[PDB]
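J.: Add chains B, C, D, A', B' and A'' to chain A, keeping to what the hints say.
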Amino acid sequence: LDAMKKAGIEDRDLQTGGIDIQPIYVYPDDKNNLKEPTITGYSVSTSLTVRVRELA
Amino acid sequence: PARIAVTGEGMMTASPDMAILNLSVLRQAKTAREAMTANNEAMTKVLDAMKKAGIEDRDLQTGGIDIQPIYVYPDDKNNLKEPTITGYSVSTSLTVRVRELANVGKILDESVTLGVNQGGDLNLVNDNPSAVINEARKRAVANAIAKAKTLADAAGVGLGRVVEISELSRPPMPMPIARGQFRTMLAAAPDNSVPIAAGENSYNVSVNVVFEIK
Amino acid sequence: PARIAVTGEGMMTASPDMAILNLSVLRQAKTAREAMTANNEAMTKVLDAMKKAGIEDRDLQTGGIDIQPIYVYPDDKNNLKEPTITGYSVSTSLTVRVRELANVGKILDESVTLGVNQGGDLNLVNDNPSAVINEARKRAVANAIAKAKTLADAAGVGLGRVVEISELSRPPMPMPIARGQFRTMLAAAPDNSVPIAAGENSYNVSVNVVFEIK
Amino acid sequence: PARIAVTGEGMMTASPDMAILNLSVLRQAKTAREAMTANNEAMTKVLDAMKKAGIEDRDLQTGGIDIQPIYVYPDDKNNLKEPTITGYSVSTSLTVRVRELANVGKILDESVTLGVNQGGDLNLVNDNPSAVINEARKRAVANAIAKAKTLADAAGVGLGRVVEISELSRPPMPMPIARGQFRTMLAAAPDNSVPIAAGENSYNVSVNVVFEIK
Amino acid sequence: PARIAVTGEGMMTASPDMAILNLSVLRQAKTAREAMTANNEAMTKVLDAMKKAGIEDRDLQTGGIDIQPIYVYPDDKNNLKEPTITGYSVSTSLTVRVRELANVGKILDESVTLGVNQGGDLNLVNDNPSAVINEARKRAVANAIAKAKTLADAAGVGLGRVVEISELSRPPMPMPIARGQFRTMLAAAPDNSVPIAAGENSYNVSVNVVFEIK
Amino acid sequence: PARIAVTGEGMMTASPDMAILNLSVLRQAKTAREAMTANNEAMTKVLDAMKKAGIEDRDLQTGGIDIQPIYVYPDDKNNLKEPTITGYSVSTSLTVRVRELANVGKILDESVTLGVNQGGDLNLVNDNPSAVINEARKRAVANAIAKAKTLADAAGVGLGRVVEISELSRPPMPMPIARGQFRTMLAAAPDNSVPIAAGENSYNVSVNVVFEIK
Amino acid sequence: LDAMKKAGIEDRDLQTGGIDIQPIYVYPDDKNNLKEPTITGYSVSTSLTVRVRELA
Numbered sequence: 083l084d085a086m087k088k089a090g091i092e093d094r095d096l097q098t099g100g101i102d103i104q105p106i107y108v109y110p111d112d113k114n115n116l117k118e119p120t121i122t123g124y125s126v127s128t129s130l131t132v133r134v135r136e137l138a
Numbered sequence: 037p038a039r040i041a042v043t044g045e046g047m048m049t050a051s052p053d054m055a056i057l058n059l060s061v062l063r064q065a066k067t068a069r070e071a072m073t074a075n076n077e078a079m080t081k082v083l084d085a086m087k088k089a090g091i092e093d094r095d096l097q098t099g100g101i102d103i104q105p106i107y108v109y110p111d112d113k114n115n116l117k118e119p120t121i122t123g124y125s126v127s128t129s130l131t132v133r134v135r136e137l138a139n140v141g142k143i144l145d146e147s148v149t150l151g152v153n154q155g156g157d158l159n160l161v162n163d164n165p166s167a168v169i170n171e172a173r174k175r176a177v178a179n180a181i182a183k184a185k186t187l188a189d190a191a192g193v194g195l196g197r198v199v200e201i202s203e204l205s206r207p208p209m210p211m212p213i214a215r216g217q218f219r220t221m222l223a224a225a226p227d228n229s230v231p232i233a234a235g236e237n238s239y240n241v242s243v244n245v246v247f248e249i250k
Numbered sequence: 037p038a039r040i041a042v043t044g045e046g047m048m049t050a051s052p053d054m055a056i057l058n059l060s061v062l063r064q065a066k067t068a069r070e071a072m073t074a075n076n077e078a079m080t081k082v083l084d085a086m087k088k089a090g091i092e093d094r095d096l097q098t099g100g101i102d103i104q105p106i107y108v109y110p111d112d113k114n115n116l117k118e119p120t121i122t123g124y125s126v127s128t129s130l131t132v133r134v135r136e137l138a139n140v141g142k143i144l145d146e147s148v149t150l151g152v153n154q155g156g157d158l159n160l161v162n163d164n165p166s167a168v169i170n171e172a173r174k175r176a177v178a179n180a181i182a183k184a185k186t187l188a189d190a191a192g193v194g195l196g197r198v199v200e201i202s203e204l205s206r207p208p209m210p211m212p213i214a215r216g217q218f219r220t221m222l223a224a225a226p227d228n229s230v231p232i233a234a235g236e237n238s239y240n241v242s243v244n245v246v247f248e249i250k
Numbered sequence: 037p038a039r040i041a042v043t044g045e046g047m048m049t050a051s052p053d054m055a056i057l058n059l060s061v062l063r064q065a066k067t068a069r070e071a072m073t074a075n076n077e078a079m080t081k082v083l084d085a086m087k088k089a090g091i092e093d094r095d096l097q098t099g100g101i102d103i104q105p106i107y108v109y110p111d112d113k114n115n116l117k118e119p120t121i122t123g124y125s126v127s128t129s130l131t132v133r134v135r136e137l138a139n140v141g142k143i144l145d146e147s148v149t150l151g152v153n154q155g156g157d158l159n160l161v162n163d164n165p166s167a168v169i170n171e172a173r174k175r176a177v178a179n180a181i182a183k184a185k186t187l188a189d190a191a192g193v194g195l196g197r198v199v200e201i202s203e204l205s206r207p208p209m210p211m212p213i214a215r216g217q218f219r220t221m222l223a224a225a226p227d228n229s230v231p232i233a234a235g236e237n238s239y240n241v242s243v244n245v246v247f248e249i250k
Numbered sequence: 037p038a039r040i041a042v043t044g045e046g047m048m049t050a051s052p053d054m055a056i057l058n059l060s061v062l063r064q065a066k067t068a069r070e071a072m073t074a075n076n077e078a079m080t081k082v083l084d085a086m087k088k089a090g091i092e093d094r095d096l097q098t099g100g101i102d103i104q105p106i107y108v109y110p111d112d113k114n115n116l117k118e119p120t121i122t123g124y125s126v127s128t129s130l131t132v133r134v135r136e137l138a139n140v141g142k143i144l145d146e147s148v149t150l151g152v153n154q155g156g157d158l159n160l161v162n163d164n165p166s167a168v169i170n171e172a173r174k175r176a177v178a179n180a181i182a183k184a185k186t187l188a189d190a191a192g193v194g195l196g197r198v199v200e201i202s203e204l205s206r207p208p209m210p211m212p213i214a215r216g217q218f219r220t221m222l223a224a225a226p227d228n229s230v231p232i233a234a235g236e237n238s239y240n241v242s243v244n245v246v247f248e249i250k
Numbered sequence: 037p038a039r040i041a042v043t044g045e046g047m048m049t050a051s052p053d054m055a056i057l058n059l060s061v062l063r064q065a066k067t068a069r070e071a072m073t074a075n076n077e078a079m080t081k082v083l084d085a086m087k088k089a090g091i092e093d094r095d096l097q098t099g100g101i102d103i104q105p106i107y108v109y110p111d112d113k114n115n116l117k118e119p120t121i122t123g124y125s126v127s128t129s130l131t132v133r134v135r136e137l138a139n140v141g142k143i144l145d146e147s148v149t150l151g152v153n154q155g156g157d158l159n160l161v162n163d164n165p166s167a168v169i170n171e172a173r174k175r176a177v178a179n180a181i182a183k184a185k186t187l188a189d190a191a192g193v194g195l196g197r198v199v200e201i202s203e204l205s206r207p208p209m210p211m212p213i214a215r216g217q218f219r220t221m222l223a224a225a226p227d228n229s230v231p232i233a234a235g236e237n238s239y240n241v242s243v244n245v246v247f248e249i250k
Numbered sequence: 083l084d085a086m087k088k089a090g091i092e093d094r095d096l097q098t099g100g101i102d103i104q105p106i107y108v109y110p111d112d113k114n115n116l117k118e119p120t121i122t123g124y125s126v127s128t129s130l131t132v133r134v135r136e137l138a
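Protein chains in written order, with the entry's author numbering: chain A, 83 to 138; chain B, 37 to 250; chain C, 37 to 250; chain D, 37 to 250; chain A', 37 to 250; chain B', 37 to 250; chain A'', 83 to 138. A prime marks a further copy of an entry chain.
Bound-form chain A, shown alone:
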């Protein structure tokens, strides 16, 4: 958003929120001997919307 607020869009045209968080797995294959998956980390995103005034 720093990059945006500099990129030219005011604090009134920006919004955040809606965290999302879920595993990241290692899936069974040739070289399996893993049972179904196993959790190698996590992955996280929040959504952020940007409102571009001045269509051009």
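Take the hints with a grain of salt, since some may be wrong.
[Stated by the list, open to error] The list that follows gives simulated cross-link-like pairs (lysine-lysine, DSS-like), each with its CA atoms no further than 30 Å apart:
{"hint": "1", "chain 1": "D", "residue 1": "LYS113", "chain 2": "D", "residue 2": "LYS66"}
{"hint": "2", "chain 1": "C", "residue 1": "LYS185", "chain 2": "D", "residue 2": "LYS250"}
{"hint": "3", "chain 1": "D", "residue 1": "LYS66", "chain 2": "A'", "residue 2": "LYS87"}
{"hint": "4", "chain 1": "B", "residue 1": "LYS185", "chain 2": "C", "residue 2": "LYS185"}
{"hint": "5", "chain 1": "A''", "residue 1": "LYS113", "chain 2": "B", "residue 2": "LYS113"}
{"hint": "6", "chain 1": "C", "residue 1": "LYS117", "chain 2": "C", "residue 2": "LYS66"}
{"hint": "7", "chain 1": "B", "residue 1": "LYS66", "chain 2": "C", "residue 2": "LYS88"}
{"hint": "8", "chain 1": "A'", "residue 1": "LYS113", "chain 2": "D", "residue 2": "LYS113"}
{"hint": "9", "chain 1": "B", "residue 1": "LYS117", "chain 2": "A", "residue 2": "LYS117"}
{"hint": "10", "chain 1": "C", "residue 1": "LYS185", "chain 2": "C", "residue 2": "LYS174"}
{"hint": "11", "chain 1": "B'", "residue 1": "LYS87", "chain 2": "B'", "residue 2": "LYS142"}
{"hint": "12", "chain 1": "C", "residue 1": "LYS174", "chain 2": "D", "residue 2": "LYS250"}
{"hint": "13", "chain 1": "B", "residue 1": "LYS185", "chain 2": "C", "residue 2": "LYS250"}
{"hint": "14", "chain 1": "D", "residue 1": "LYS88", "chain 2": "C", "residue 2": "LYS66"}
Just so you know, these hints were derived from the structure itself, not from any lab.
T.: Coordinates of chains B, C, D, A', B' and A'' only, in the frame set by chain A:
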């Protein structure tokens, strides 16, 4: 040129005296370089646990590196409308020969607790099979001779010298004895001997012998 | 004439010495001519990067090229009923021979970094299989003889010269040892060598030979 | 008599030089006789624009004609509910032999300008395939005598004269590489000749030899 | 005894000379008898139009009468049981051979304004292939000859008398060349004869030669 | 023993000079006995109409009686919940050879009006085909000789005596010339001759000849 | 086999061997929150054949 020609077939069964565990150590990094250095490490560790858990060196082996990228996949809240790569998982295989088949328990459990694997599915051999085949052979040819001799009286002719033996057959992988493969063996077993049972390996042999008549 | 004729095969497994990457170059530009140009360029870029990165010229090679038209296809506000050609992607491919394993990560992660693609696609080998193969070949022959002797004893006949040898088999493949081959491979193991690891590579040969009966 | 009979297999792999391309020029009419000329000249339009980007005559050839009706297709107006002939459309193929790789975008975008293609099928063979083949061939035979010898040496015999060569196998095809060829290609490549690589033409020849045993 | 066995292909390509249109001419009547002559008459009408249209009595052929019912099929306003025969329809086939290829559009067009449809179906052929076909034979032998030369050498033997030649294969036939057949052709084609183009016909001969090794 | 061995193939086409009508008289009774006596009657009648319609006796033939029960079937208002037998239909076949192919019309229509049948589908032969085959043969063998002579110069050897001719092939049913079977003939026709057309019968022959070399 | 050797079949009519050993899992359900299965123990059998002479 008058010959009699028969197929002989041998029979041999046996009890696994071994176990062989196939295992995979895989640990993961955000890059590949450190992928292995982390596996390679986790490895000499797990390897060691084993020598001290009481395994001889003649009974251990390795190789089989595998490098697989690790991605993230679309859901509610995601992008590239798709998966994109976040790391690598590196897995190597180490096999272990458990001699003294009564020791598999000690050596099996200790594995589930090294985080190595939930496999190690039934795999058991006899490690001097060569000796067993070789008998099965002898029964085979020796058996063929029996047929031969039978046929030649039944036709009232003499059984002569052996002109051709041939084994052009695909050699005998050993035989776990399956469910519906049940009676085949029973049926196909040798007479006047001690019985057979599932989980027994069994080695057959087919041979062709040709004797000249008179 | 009198002859005893058998087949034999022996086989050989080895954990891999190397890794070979098939890597390629995405560059595309709105006509063909500067498509290849922009390629040729972003290529020689990577090469210098590879060499400096540690590997030799004998150890990396290239060639072959395809320019595929790049399109726009119908959608919303596409009053186009069907596709036109908005550019070209030209890409070609470069193989990277990585001798010395513990390097593979450092070099793969440059396939990540600069360009390239997903890949490495798990390509391993041993530098010269040519040698491993031959030992197979040799174990197979001597194995054949082994059989012959047994049979000959069982039938009470000594064995003569070798009247003939045949390998009309399609040449051997490095059929890798994987799950499905776990057992089958284990089955063909020459006895009391080191066991095999999953991920190893199995070279295997089968050959027929024919002896006179002494 | 005695002998060893083996199939040797040589192989060679190469790098496209020329790029041959098939483009076809089609114009239309209300009629055959009329539009056929509309093609006949529009040809020598581009037969020219080709020497003017500088393609030789040795490098330009054509033939074959396709004259076929164009119809008009029922929707909501339609009628006689079939379609019916509003004219003819004639094509002719001209092919363009383009040597010098990096020079091909030139003579390719020359197309998209004049019609005649969308994208190219872009087929690239090489200088004298008869040449590469011919060495995969020599390689093959050599590889056979090689094989035979490993065999005799292991079997305790001598290797004699060649009493038979043959290859009646169906003659070899330039054989470019896919990703599935992956490994299966790595197999056959002479050890330590240039590492192989995608898009390369691959030529196998396979050959059968019998030497007498001594 | 000692020999070498090769096959080799021979390969020759040609553009079309003529075109040959199959044209069927049908009219129809409430009964056979009348349909037949109603045809005959209109028939004679059309070749007259051709013989004037510029094609000699040597370029025209007739024959192959065909005659079948014409029905009224059951519908809303049926009360007819299955169909009922409202007349007959008759056609004879007549083929026209257009020499001088640039004269097709002329003739093709006429063949329509007179009825008969069947656009020229791109049956452009050539008349004496026998020389072209024959050429490919001559090719094929001499190829396979130069194939044994190669073989004898790399195996170090001298290549002797020709003991056998045979062409038993499915006879040489004008397989024309189009999109799918691209690579497999130019790949299998003569080096530095002209380049090869779509729409051409191609004649392959394949034979088998056996020389005495000595 | 040095030979050259080739397949020859002949070609012959032709215009049906005949027609052959296959017809069925079936009339029906409430019993079988009177089934035929009613057919047998309706027969000698229709037979006669034909001799007087101008057909020779050499051109007529019969046989093929067929007796089929005739039932009634369930609906709204019926019983046995089923079909039950009410009579018999008896049908015999009479075939007629129309010579003078221009006379089929007169003889066809007169049939639809005897109530005989709505068949008589296109069936036309030439009735001295033996003479045509025989040529096709001569071209075949004569053609093989051509190949032979070709091959032996191209290898620079002499064409000798004829040691084996063989025709083990399934003999030549005649060939109506179909739609997509179109070019096969065109392609496969003899050089320097008058063209071919649909509805033409065509007779091919394949023969094997083997000459000794020198 | 003790029970058999007493049940009347000689040491010549009995055979053993063919060990088999595999996990035992707890499979995911309503009250899952377990990912695929998880290993709650193991189960072991050996095969033993008995040869009944005297068909009756």
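J.: Checking one constraint from the list: CA of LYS113 (chain A') to CA of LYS113 (chain D), max 30 Å. Satisfied?
T.: Holds, at about 27 Å.
J.: With the threshold set at 30 Å, check whether the alpha-carbon distance from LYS185 (chain B) to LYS250 (chain C) stays at or below it.
T.: holds (23 Å)
J.: Verify the proposed pairing of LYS117 (chain C) with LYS66 (chain C), using a straight-line Cα cut of 30 Å.
T.: Satisfied, since the Cα-Cα distance of roughly 22 Å is no more than 30 Å.
J.: Sort out whether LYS142 (chain B') lies within 30 Å of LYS87 (chain B'), counting only the CA atoms.
T.: holds (13 Å)
J.: Is the Cα-Cα distance between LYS66 (chain D) and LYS87 (chain A') 30 Å or less?
T.: It holds: about 25 Å lies between the C-alpha atoms, which stays within 30 Å.
J.: For the pair we were handed, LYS117 (chain B) and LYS117 (chain A), check the Cα-Cα distance against 30 Å.
T.: holds (28 Å)
J.: Does the structure keep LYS113 (chain D) and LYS66 (chain D) at a Cα separation of 30 Å or less?
T.: Holds, at roughly 22 Å.
J.: Take a quick look at whether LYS185 (chain C) and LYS250 (chain D) sit within 30 Å of each other, Cα to Cα.
T.: holds (21 Å)
J.: For the pair we were handed, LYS66 (chain B) and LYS88 (chain C), check the Cα-Cα distance against 30 Å.
T.: Judged against 30 Å, a Cα distance of about 24 Å means the pair holds.
J.: Compare the distance between the alpha carbons of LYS88 (chain D) and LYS66 (chain C) with 30 Å, and conclude whether the hinted pair is satisfied.
T.: holds (23 Å)
J.: Taking 30 Å as the top limit, are the C-alpha atoms of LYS185 (chain C) and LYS174 (chain C) close enough?
T.: holds (17 Å)
J.: Would the hint linking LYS185 (chain B) and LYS185 (chain C) be met if the CA-CA limit is 30 Å?
T.: holds (23 Å)
Hint check: no violations occur; every hint is consistent with the structure.
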